[PDB]
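Below is a slice of the complex: some chains, not all, each in place.
As written, the chain order gives the labels A and B, with residue 1 at the start of each chain.
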């Protein structure tokens, strides 16, 4: 359970670096060849950092309204000593463009490798609501 | 490229065992603790074989109409010697309940481990069209 709690802790560091808009910390968690599927990419497989960079510069660095996030039913597969995978449900509570509280759901998969003693993310898949909020 | 072609070959064996309705071969490719996200599970994370078993018994063992499948733009991450991940776009051509040809798209992620010298699947995530066909 010690190695599973380590993957959980490192995944929580990713999620709070994203919602802080901290792109310089996000870039240290991600591999340069990272690939992803997500609702914003319209069914295409994205590669590298530059597609995601646009949302840090146009939302996450600029926003100020309160947000709360719940992680439900996490499951971890540990795949030897170099590799791991985590899957969870995410609920986000947020304030819309006219002051009403709202909720949305996503389903997320993250794939982790340990090159050079540090855990880094190599592939990501998301379903459900967009991460760009529906305000 | 040799190890990447091996993951491609093993992923093609999974896809043809599914569309043949060969549940006894499917059960040798999958780990007993396998987890999944897919459109049929309504946003929930499924564990084990028994949710999928229902579709082999009520479609895949019984169907006879022609189907064709195209795999587009595959990408493989090889994660040491025990682990790998593959991501691809899938297009399926099928005949509906009244003889008309149709097309649908999915986006798929599969996570592979090599316990006891044999590659086996430990997590799967699907977006887009259901695998239960829209006939």
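Just so it is clear, contacts are C-beta pairs under 8 Å (C-beta built on N, C-alpha and C of every residue); 3 or more make two chains touch, one makes a residue touch a chain.
Here 2 of the identical protein chains are placed; the entire complex in the file holds 12 of them.
The working rule: only the chains that are shown with their structure count from here on.
When chain A is laid over chain B using CA atoms, the rotation angle comes to 180 degrees (nearest 5).
Rounded to a whole number, the gap between the C-alpha centres of chain A and chain B is 25 angstrom.
Residues of chain A touching chain B in their complex: 35, 37, 43, 45, 47, 73, 75, 77, 79-80, 82-83, 85, 87-89, 105, 107, 109, 111, 113, 122-123, 125, 127-128.
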